[PDB]
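So this first bit is one chain, no partners, the form solved without its partner chain, shown in structure tokens.
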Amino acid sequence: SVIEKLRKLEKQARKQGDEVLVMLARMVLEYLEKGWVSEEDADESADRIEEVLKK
């Protein structure tokens, strides 16, 4: 699930105190629910958020 991936990343960012990445994961989720981003672009966003989280 793209949604489950983004929720897990949001919580990992909350655990790291990474407030920008919290917002990006949270808002990709909101955009996906609103139909403002495609599922494929949300999945790619999750992958990028994960990369930035590791840095």
The other form holds:
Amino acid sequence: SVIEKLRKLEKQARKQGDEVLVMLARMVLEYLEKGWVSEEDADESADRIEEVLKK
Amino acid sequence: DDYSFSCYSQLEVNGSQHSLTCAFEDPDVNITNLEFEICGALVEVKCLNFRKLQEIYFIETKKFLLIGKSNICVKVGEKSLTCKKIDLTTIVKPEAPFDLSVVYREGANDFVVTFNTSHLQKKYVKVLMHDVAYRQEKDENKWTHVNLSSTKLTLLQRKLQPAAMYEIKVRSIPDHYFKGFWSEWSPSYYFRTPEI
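Show the same protein again, this time as the form deposited with its partner chain bound rather than the form solved without its partner chain.
Up next: the whole complex, starting with the chain shown before.
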């Protein structure tokens, strides 16, 4: 699930103190729930967030 | 591609408004009949038209979703000549740093290089990598480049030539979720190293 990946990333970014990534993971979750973005674009965006968190 | 182009975005360049600048990769391309259009990954509207400004194409708007790819097309009236799928968060060009300052401290035998960036007060493109470049004024093609993530760089007195004129400047690139291009250079700062 793309939605569960994003809620996991938001929590990890809060713990790491990355406010830009907390805002971005929430924005992607919000746009996906509204049907504003596709699951494909939300998953690629989550992969980018996860890569920044790994650094 | 005869109508080959490239673009850069500037996020929160004018308050919450973003900008998008496109240009043909070949500068001799005649743009008399050519118009630009962006469709997709926009907030309320399906498509937006670019304004033709002498040699570049420009849009300043808040209606960028900033998630998903947009289609930028070159048109002759209603006919599309070429289209390109671009993610606006991967073509960001930061604003140049400003207020560059160099100070020499005798007690520490070092140069403290400081500068400012409007990106520290933004919501999106907040995280940059900076490039501080310096050279002895007399030299051509002999710049030394140093990367940093903060706005303060310390150079040791022993790492520079003594009794010499130096030129120093700084630029930034997005280094986080946002990717893109190097900003314009800040204006140069000139200083002289101590005689030792």
